[PDB]
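Taking the form deposited without this ligand, here's one chain by itself in structure tokens.
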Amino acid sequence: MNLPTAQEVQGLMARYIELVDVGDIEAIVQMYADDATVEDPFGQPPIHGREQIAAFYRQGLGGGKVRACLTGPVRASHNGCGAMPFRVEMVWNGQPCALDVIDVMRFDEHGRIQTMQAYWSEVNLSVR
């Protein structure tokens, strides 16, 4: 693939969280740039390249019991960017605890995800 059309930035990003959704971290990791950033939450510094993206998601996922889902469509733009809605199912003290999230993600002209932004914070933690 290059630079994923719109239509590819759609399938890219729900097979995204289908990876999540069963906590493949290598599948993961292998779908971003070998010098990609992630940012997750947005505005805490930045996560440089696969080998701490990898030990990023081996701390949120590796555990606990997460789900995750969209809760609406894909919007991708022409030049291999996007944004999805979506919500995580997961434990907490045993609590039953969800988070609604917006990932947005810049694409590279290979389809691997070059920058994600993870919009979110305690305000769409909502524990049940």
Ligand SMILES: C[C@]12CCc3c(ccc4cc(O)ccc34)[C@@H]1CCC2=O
The other form holds:
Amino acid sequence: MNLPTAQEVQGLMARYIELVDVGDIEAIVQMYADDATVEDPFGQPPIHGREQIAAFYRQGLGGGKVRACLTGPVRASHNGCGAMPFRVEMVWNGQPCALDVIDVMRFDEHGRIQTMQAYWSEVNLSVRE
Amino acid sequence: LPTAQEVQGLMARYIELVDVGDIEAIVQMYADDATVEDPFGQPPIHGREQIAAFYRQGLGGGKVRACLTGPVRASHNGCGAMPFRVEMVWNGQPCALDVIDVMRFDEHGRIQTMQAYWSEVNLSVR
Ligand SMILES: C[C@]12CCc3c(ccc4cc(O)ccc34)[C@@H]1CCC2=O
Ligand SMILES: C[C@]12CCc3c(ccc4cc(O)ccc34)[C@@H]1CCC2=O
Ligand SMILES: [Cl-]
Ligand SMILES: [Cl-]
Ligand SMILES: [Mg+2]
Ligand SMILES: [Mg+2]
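Show the other one: the form deposited with this ligand bound, since we just had the form deposited without this ligand.
The next block holds the full complex; its first chain is the one shown before.
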């Protein structure tokens, strides 16, 4: 594909969250441009290129015990970009938890993720109480 | 720069204000030389009077409601992003729209940039 249409951005970003959910790291990494960046969290130093991005998703996911679901619609532009609200479910201090996240993404004119920026800090982590 | 908890406060305070239609307090939350993109894909709007003409335009009828539809996500470098829904009338059709703003706050606590993510794919007749 060409540069994704708004409909195309909605479908690309929804598939990305299933991959994170199902932990299919190599498929995640194919969605990214070869020279992509990941800023996650946003505010931390960017991670360049597919080798560094695969290891990061291996770090983050490879241990298992992480479900990610959208909590609302993907918001898609007309310049290849979209934003999405989701929740991650995993393990913190041996007890389930949850991190509410928004990822923005900019795609390419080949339809691959050129950037990504994941918003969140500890204010968005919550636990049973 | 403002804290992650404080960003959850400035951004929520900004939807409060959209929701009741106070354009002058919305404009005061901004910086000098702020920019607005909105929608992200269109050139930026910059100037303080222009940023007012923009809120006057969208909002002015008194008939646009804004509410959050999830929590504000905030970073530790003075930035946040938020999901919300706008309801408005559009030439007699009752509609809705789904939106994500991303905002960065200067050290003075004012918006330095705002980028609003949405499209016509984010429109629904209610
Ligand atoms: C890595 C992680 C699980 C997945 C995840 C997190 C944060 C942001 C994310 C953004 C994504 O686009 C996909 C997955 C995550 C969590 C932070 C701590 C944790 O367990
Ligand atoms: C401008 C608008 C009402 C308000 C609004 C819209 C879109 C994005 C927004 C982002 C905001 O932070 C505050 C308000 C809006 C609508 C698009 C069409 C319309 O009538
Ligand atoms: Cl939402
Ligand atoms: Cl949400
Ligand atoms: Mg799944
Ligand atoms: Mg390229």
